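Engineer: Listed here are the chains, written in short residue letters.
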Amino acid sequence: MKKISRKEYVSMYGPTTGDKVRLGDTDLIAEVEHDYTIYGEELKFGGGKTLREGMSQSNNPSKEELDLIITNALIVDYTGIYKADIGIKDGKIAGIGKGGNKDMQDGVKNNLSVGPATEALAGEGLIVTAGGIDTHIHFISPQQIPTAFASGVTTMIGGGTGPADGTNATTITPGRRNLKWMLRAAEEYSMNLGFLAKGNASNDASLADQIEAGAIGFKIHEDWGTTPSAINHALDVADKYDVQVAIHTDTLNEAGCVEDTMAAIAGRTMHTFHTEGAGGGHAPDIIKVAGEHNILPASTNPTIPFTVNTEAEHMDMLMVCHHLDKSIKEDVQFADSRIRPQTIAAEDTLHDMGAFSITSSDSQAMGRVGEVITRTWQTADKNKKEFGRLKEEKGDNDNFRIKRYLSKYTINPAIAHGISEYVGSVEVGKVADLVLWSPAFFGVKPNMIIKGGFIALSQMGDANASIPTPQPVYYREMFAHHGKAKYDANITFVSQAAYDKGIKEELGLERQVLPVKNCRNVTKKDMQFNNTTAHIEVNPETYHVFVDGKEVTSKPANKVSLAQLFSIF
Amino acid sequence: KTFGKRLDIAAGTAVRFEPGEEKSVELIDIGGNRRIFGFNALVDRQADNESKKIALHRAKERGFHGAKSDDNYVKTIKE
Amino acid sequence: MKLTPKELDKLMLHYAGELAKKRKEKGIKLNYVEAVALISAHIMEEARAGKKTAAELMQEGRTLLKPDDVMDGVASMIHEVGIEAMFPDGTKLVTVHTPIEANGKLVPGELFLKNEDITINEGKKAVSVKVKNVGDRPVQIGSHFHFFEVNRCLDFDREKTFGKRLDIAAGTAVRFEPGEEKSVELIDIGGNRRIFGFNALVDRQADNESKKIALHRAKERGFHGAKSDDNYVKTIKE
Ligand code: NI
Ligand code: NI
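These protein sequences, in sequence, are chains B, A and A'. A prime marks a further copy of an entry chain. Numbering follows the authors' numbering, in which position 287 of the first sequence is assigned residue number 287; successive positions increment by one, without gaps. Numbering follows the authors' numbering, in which position 38 of the second sequence is assigned residue number 197; successive positions increment by one, without gaps. Numbering follows the authors' numbering, in which position 228 of the third sequence is assigned residue number 228; successive positions increment by one, without gaps.
If you're looking for bench data, these hints aren't it; they were derived computationally from the structure. Hints may be right or wrong, so weigh each one.
Stated by the list, open to error - Below, a list of computed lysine-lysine pairs in the DSBU-like style, where the Cα atoms sit at most 35 Å apart:
id, chain 1, residue 1, chain 2, residue 2
1, B, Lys525, B, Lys484
2, B, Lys391, B, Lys555
3, B, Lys550, A', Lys6
4, A', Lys125, B, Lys391
5, A, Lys212, A', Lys227
6, B, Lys517, A', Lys237
7, A', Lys66, B, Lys550
8, B, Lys391, B, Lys63
9, A', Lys130, B, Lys391
10, B, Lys525, A', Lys130
11, A', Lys130, B, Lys517
12, B, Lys240, A', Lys130
Stated by the list, open to error - Calculated from the model, a selection of chain A residues having no Cβ within reach of chain B, i.e. all distances over 10 Å:
id, residue
13, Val174
14, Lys182
15, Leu186
All C-beta atoms, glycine included, are put in the ideal place defined by N, C-alpha and C.
If we strip away everything but chain B, and leave its shape as in the complex, we get:
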C-alpha cells in the first residue's frame, strides 16, 4: 500500500479533497469538498495506462456499459464542488462516482462500468460544469447561437423572429405561424431552444394558441404594451397551461406603477427581466420587485459587473431597442431617467445577497450573448474583493459563494422555465450537456462543449497538423454538430399542450422534443442559494436602494478579472 505525494498525485489525477483551485484569474477560491475515487484505482487512459482490455476496462461489462467516461473530473455544481468520474450513456449522465472494471476494481457500480463500448475522455485537472442556460435571448440573428455556445451556454430560451424590430426590442416570437418558422429553423442549430410568446394581449383565445403552438411561455414587453390587463390575462392562461412567464415592467408608468404591476401579477409566479432597471422597467422602483416571494428576479447583463464605464455606456442602447430615435423630446427624457448609477450599483450586492437569482443576456438588445457566464463570475470576484468572503462560507474557500453565482445561469434559470428535470446541473439522470473548463480559463474560455453526451464543439487546432494542439487554436464544430447527429443531441422545448397535440410530428421536427413542466408551483424560495426574500425600497429622490432597512450599493470598479488577459479583442 505504498504512498505518494500530493505534488505528484494531483498532476496525475487532479486536485483531490482539501485541495483548492483558483477560478481563472479571479480571487475566487474553490475547494474540493469530496472525492469518490479509491486512491490506487483511479482511471487513466493512455499508452500503458489503466483504461485497457481486461484491466480498467471490463471484458465482462455490466449490461449498462457506459458510452463515455470523463475520468477524474472536478465537479463544480450547485450540488457540491467535488471530485469523481462522470459517466455518460444514451446522451445522459448515467452515473457520477468511481466506475471502472468490477473484475479488478473494489468499488465500481454497474452504473459506472467501463467496457469495450465506452470511449475515454480525460478530465483530470479540469473542471466539469453543466452548460449555462441564458434565458433572455432576443433571436435577432442566428449568429448569436454559436457565440453563446462558445461561452459555456448549452440552452437558450427567448423569443423572436430575426432582425425585425419587434424582436430587436422584445424576446417574443408572436403568433403560432412565426412559431412554426423558428421551431423549424431551430432544427439547424446546436443549442437547446425554447421560444416565448406575446403575453401582450388581452385576448385569452389568442393567448392560448401560441402555447398550443410550441411556446414554452409568454413575454410581456413594454414596447408591446405591458398593461395590467395584458399582464393579468397572460398570467392566467399561463397558469392553466403550466408554462412560465417573463416581464419587462411598464417604464413610462402610463398605466400605473410597480404597485399596480405587482398587484396584477396577483402573487402568481413571474420571471422578471433586468429587474435592476437599466434593462428597462417601472422607473425608479422596479428593482424593489426582486425582494418579493412570487418573483423570479433576473439581471440583464451590461450593468454587470459595475465598472467606471458602465453608466457612460447605456445612454445610447435605449435608442437601439425601443426605437427611441435620438431626437424626439419625450424620448430624450426618460431614457435619461432610467440609467440610475444607483440601481446599477446595488445590483452586484443584491446578487451577492441572493436578492437576484438569474443572469440573463438580452442578446443584441442591451446585453452580450457571449458574456453571461464571464460577467457572472467577474461580478463575483468583485464582490469578494469589496466585501470579502461570506458569512455562510465554511473553510478557507469561497465554495458557497461559487455555488451561488454558478446556479445563477444553470439550475436557477432551468427551474425558472420548467426544464430542471432534463438539464441545468451535473446530476445523474439529466441530459448530458456538459462543458470541461481548464481552471486557468474558467468563466471565459471553455475547452469543449459536449451536447447530449457527445462532443458538439471544442477547442481545435490546425486541422492538418500531426496533433490537435497546434495553432491556430479556436473553436471548431465537432461531429455532434453535424448530420442527423445534431438532431439526436438537441432539445427544442415546448409546452405539454403542444407536446401532446404532437407538435413534433406536426412540424416534422427531427430534434429531440420535451415539454416544460412545473412552472406555476415555483417561487423565489425555489431559487438555489439565491432564495432570499426581503422588503426593499427605493427613494424616489436620491434613488437609493434599501433592503430590510440598511442601504445597499456596490462601488464602481476600474478593472475586472476574466478580461483583457484572455481575448485579443
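Chain B is already provided as a structure; the job is to place chains A and A' with the ligands on it using the hints.
Structural biologist: The following block gives chains A and A' with the ligands in isolation, referenced to the frame of chain B:
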C-alpha cells in the same frame, strides 16, 4: 371628460408628467369601431355613453384620481 | 340454512376459540391468537344467549384471562380485542380493552426511545392571540390550517394571524367551546407560503398585499375580527 379619447398628437409619440407637473392635454375621440379592450380593464367593450357609467364606476373603486364618485350606482347584469 | 359468509367466518372463529379454551384447560399458557380468539369467541356466545349487554361484555371480557394464564408477551400484545356479535337488538361491536396485564417482563417490539425532547417547528418565532368563541357551537382548528380563515366565529385579530398556523404538533388541533376564550400560539406558514383553498380568502401567495384582500373579503363575508373597510381601494384582480 376623457372617456374614449386619445392625446391628439403625432401617431406614436407621447406626453410626459413630472411628479407634480400640471398641464392641459389635447385629446380627440378614438376612431375606428371605438372598441376599447385592455389597458386597465376599465372598459373592455364598445365606447358607449352607457359603457362609460361602468368605467367611471370601476375607476372609482380602483382609485383613479378624478374618477368622480358613486352616487348610488345602479348595477347592471354584466360588468 | 342460508349460511352467509359472515356466519361461516364466525363458526370458524368460534372453534378457533374452543381450541383455545381447551388448551389452557389442559394447563397451557395461551399465546396471542389463542387469547384473542378465546376472548372474542366468548362474547359471541354471550351475545347469543341474549343476557349480557354490549356495555357489559365490553367489560366482562377483561375478566376472562388472568395474567398468569397467557404467555409472556401476550399481555402487552393484545392492546384490545374488537368483536361484533349479534344481540337480540341486532349486531353490535363489543370492544374489549386491555383484557390482560404486564405480569411479565417481556414486551415484543417494545420501544427504547432515548429520553429527551424534540423541538417542533424549529426557529419559528411564535405569537399569541386572544381567541373567543362567540358562537353556540364548538370549533376545532388544526395544525396546518390557515388560522386567519378559521370559522367566522372565532373572534380575534385576523390581521395578526394572516399566513400562520397553530404552533403545535403536526397533526393535532385546538378546541373552542362555545364561549371559551384563549390565546393560541401561531407561527408563520413555511414552504412557498402559497395559500389556496380553505375559505377562499387568499388563494394566492402570502403577501402583505395579498393580505389586504383577504382582510377585505373576510370583512364582507363576516368573519369576526376582520377589521373594517376604511375606503378600500380595489385591485384589478380579486
Ligand atoms: Ni428587455
Ligand atoms: Ni430584453
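Engineer: Could you run down the list of hints and mark each one as holding or not?
Structural biologist: Hints versus structure:
1. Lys525(B) <-> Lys484(B): violated (41 Å)
2. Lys391(B) <-> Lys555(B): holds (20 Å)
3. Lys550(B) <-> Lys6(A'): Given that 35 Å is the threshold and the Cα spacing comes to 75 Å, the pair is violated.
4. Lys125(A') <-> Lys391(B): Judged against 35 Å, a Cα distance of about 22 Å means the pair holds.
5. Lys212(A) <-> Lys227(A'): At roughly 31 Å apart (the allowed maximum being 35 Å), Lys227(A') and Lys212(A) satisfy the hint.
6. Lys517(B) <-> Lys237(A'): Holds, because 25 Å separates the two Cα atoms, which is no more than 35 Å.
7. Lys66(A') <-> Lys550(B): violated (74 Å)
8. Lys391(B) <-> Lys63(B): violated (47 Å)
9. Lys130(A') <-> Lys391(B): violated (39 Å)
10. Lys525(B) <-> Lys130(A'): Judged against 35 Å, a Cα distance of about 32 Å means the pair holds.
11. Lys130(A') <-> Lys517(B): Roughly 43 Å separates the two Cα atoms, so the pair is violated.
12. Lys240(B) <-> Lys130(A'): violated (40 Å)
13. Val174: Not fine: 7 Å to the nearest Cβ puts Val174(A) too close to chain B.
14. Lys182: holds (13 Å)
15. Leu186: Nearest chain B Cβ is 14 Å from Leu186(A), so the label holds.
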